[PDB]
Amino acid sequence: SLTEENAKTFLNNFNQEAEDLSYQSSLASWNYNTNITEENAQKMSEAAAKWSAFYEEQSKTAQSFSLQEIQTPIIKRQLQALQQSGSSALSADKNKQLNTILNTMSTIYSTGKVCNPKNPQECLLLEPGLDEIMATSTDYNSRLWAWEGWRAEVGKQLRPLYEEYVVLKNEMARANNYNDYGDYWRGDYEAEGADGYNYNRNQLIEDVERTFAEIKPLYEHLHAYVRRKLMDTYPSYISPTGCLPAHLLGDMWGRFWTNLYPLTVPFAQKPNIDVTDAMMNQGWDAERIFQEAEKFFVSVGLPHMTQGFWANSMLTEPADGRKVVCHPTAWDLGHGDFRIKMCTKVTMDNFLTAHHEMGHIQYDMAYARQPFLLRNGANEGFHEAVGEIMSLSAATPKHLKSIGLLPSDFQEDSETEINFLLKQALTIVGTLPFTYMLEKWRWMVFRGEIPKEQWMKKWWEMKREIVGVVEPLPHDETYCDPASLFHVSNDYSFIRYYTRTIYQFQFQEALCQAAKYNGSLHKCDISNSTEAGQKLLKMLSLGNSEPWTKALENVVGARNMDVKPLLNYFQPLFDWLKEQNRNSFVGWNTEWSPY
Amino acid sequence: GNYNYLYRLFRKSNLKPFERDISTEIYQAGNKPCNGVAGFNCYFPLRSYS
Ligand SMILES: [Zn+2]
Numbered sequence: 019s020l021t022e023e024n025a026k027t028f029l030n031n032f033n034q035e036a037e038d039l040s041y042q043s044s045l046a047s048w049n050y051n052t053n054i055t056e057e058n059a060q061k062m063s064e065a066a067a068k069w070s071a072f073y074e075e076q077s078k079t080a081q082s083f084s085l086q087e088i089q090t091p092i093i094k095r096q097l098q099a100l101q102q103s104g105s106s107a108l109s110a111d112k113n114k115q116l117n118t119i120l121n122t123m124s125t126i127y128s129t130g131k132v133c134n135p136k137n138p139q140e141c142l143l144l145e146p147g148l149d150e151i152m153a154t155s156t157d158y159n160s161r162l163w164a165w166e167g168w169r170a171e172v173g174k175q176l177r178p179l180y181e182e183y184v185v186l187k188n189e190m191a192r193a194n195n196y197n198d199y200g201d202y203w204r205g206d207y208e209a210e211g212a213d214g215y216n217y218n219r220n221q222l223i224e225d226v227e228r229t230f231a232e233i234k235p236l237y238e239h240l241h242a243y244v245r246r247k248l249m250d251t252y253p254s255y256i257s258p259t260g261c262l263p264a265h266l267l268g269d270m271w272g273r274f275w276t277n278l279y280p281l282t283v284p285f286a287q288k289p290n291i292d293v294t295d296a297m298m299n300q301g302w303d304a305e306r307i308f309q310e311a312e313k314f315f316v317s318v319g320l321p322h323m324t325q326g327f328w329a330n331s332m333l334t335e336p337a338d339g340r341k342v343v344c345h346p347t348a349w350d351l352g353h354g355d356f357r358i359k360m361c362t363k364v365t366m367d368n369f370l371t372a373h374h375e376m377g378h379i380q381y382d383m384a385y386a387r388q389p390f391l392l393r394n395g396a397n398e399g400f401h402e403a404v405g406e407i408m409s410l411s412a413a414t415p416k417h418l419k420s421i422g423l424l425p426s427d428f429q430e431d432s433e434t435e436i437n438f439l440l441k442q443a444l445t446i447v448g449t450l451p452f453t454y455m456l457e458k459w460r461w462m463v464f465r466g467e468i469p470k471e472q473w474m475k476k477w478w479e480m481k482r483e484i485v486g487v488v489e490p491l492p493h494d495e496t497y498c499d500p501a502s503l504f505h506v507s508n509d510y511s512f513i514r515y516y517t518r519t520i521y522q523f524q525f526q527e528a529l530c531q532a533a534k535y536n537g538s539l540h541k542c543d544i545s546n547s548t549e550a551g552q553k554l555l556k557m558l559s560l561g562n563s564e565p566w567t568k569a570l571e572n573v574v575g576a577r578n579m580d581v582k583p584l585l586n587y588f589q590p591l592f593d594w595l596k597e598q599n600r601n602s603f604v605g606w607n608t609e610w611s612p613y
Numbered sequence: 447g448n449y450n451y452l453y454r455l456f457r458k459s460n461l462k463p464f465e466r467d468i469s470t471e472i473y474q475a476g477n478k479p480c481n482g483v484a485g486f487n488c489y490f491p492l493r494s495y496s
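If you read the protein sequences in the order shown, they are chains D and A. What the first sequence shows, in the authors' numbering, is residues 19 to 613, in sequence order. What the second sequence shows, in the authors' numbering, is residues 447 to 496, in sequence order.
Okay, chain D solo, but in the shape it has when bound:
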């Protein structure tokens, strides 16, 4: 009769219909992504519209229950997760303007070519024919020209769209009891209701700033070492004491330094042993790859996969008559249906990707016992963290030696260990400061601390001091540098990549100290360990029903971010970096400019 029973009945009625209505949309989307044709695309619209209309109607009707008299945490959490109205708080005309601005920005990012001072009949777009110069080309006057053209052609018209997008997002956030759009994004980390595990919205910022504080010397040493290694190819261009150039890196934006591995290598003579050229001599298949993945996954204490999983999943490329978008996905269709859509090849890259998707498959079925509203993560970082630890553990050299991939003659050597540590570092250490800087820039832009006439004054200088990257050519108050990313072009949250890496290291350490392991943190695995692997299964049963603080405290023992497995991971790498960088100058100054 009172509020609790009515709210429970409304939640039950909503969950009775949503579980059936969302399944149709999920199944149609899976069919489209697997069988993209002219009929699935138009079939998307009616299912999506029906599901969206039902969800909006339920969200509107989920307001007559006040959030003060609900004492149970489950129903309060369900009502709050059903209270978020999203963009419906905006006016119809304002929502139409926001939609058309987003569409225009997306279609501008989709198009866009470059102009060459040489023969201009060549056009280079976002096709992989353009990033090859930035990743593989080792000469000058091409990568810099490509970067300048990309920032000049599509970097001009993205400014007027962004000016209106910022204010519209701020208005939409303010319409939902928020201070700014950055506050709305940070609200995902806000959890209310606990006994010592309560977390505040602003504290996230505080939990970020000191995190970057503990990766100053390792990143500075990596910057100095990569600069010194680049000196040989560019003795007259790279300044020994100055910051690294914006271009000439291993990425368009310097986010990923993976392509810098061939140029920056400790010992090029090392074979860098790989067993990709080993499955042909004895016979292997993609089905065998998935069988090995599931056998390893059930060797830790995880349930065996369903029979229909192997029947509804695509593991090899179709012969003819069907087209696949060629993107690895792990669909949760609903009603106990799970599928993997990806093309599997004979390569350890596909092996690692299959294990990463298998981690998601294990995670998704692990919360099948929730009333359709708690079937998510406590925070947005848990989803991609599950697949990272499984991929890391199966990639360990000891793991490959347990399945016959490695002959029982070569055990371990130090030089290959250092090479592997460096190549793994130049995928995370080189991207953490960039992510932090971009997130901070966006946060001050949305807060209002950066004026519209000084944008192209704060984006660069921080990159000169936080990331250690200096521009090759001046940029005035007419360009829009940060809008050129695909992530930025649409409403994507970028802080998720900053925290998730921590979750990649925090869990694994806790999964290795319970396996009677005393060695290096980068050489431990959870194979053949029933206990080391039970903790993750126990924790993978709450989702967002409990605060992420409690789930973390019961899995790793740390209530907040205590991120120091990275230093234990790359410990020989840091020691070697300190040893090598002795007759040099570690650091950079925000005064030098190449031109």
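Keep in mind that a hint or two might mislead.
As the list claims (entries may be wrong) - No more than 30 Å apart at the CA atoms, straight line, and that leaves these computed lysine-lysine pairs for DSS-like:
id: 1; chain 1: D; residue 1: 114; chain 2: D; residue 2: 78
id: 2; chain 1: D; residue 1: 288; chain 2: D; residue 2: 416
id: 3; chain 1: D; residue 1: 26; chain 2: A; residue 2: 462
id: 4; chain 1: D; residue 1: 78; chain 2: A; residue 2: 458
id: 5; chain 1: A; residue 1: 458; chain 2: D; residue 2: 26
Simulated from the structure, these hints should not be mistaken for laboratory data.
Given the coordinates of chain D, work out where chain A with the ligand should sit on it, guided by the hints.
Relative to the frame of chain D, chain A with the ligand by itself:
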């Protein structure tokens, strides 16, 4: 979807052993008369399995 089979979702009280009810009355969760229409705080007690 096999929408033939149905089941009961909302009832005022529990069922006695070896009891069967086929009443199609609207279950009222709120404190206001339903008037025979399915509006607020009133839903059908029978759902499908699909
Ligand atoms: Zn993933």
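Verification of the supplied hints:
{"no.": "1", "hint": "114(D) with 78(D)", "result": "20 Å, holds"}
{"no.": "2", "hint": "288(D) with 416(D)", "result": "19 Å, holds"}
{"no.": "3", "hint": "26(D) with 462(A)", "result": "24 Å, holds"}
{"no.": "4", "hint": "78(D) with 458(A)", "result": "27 Å, holds"}
{"no.": "5", "hint": "458(A) with 26(D)", "result": "14 Å, holds"}
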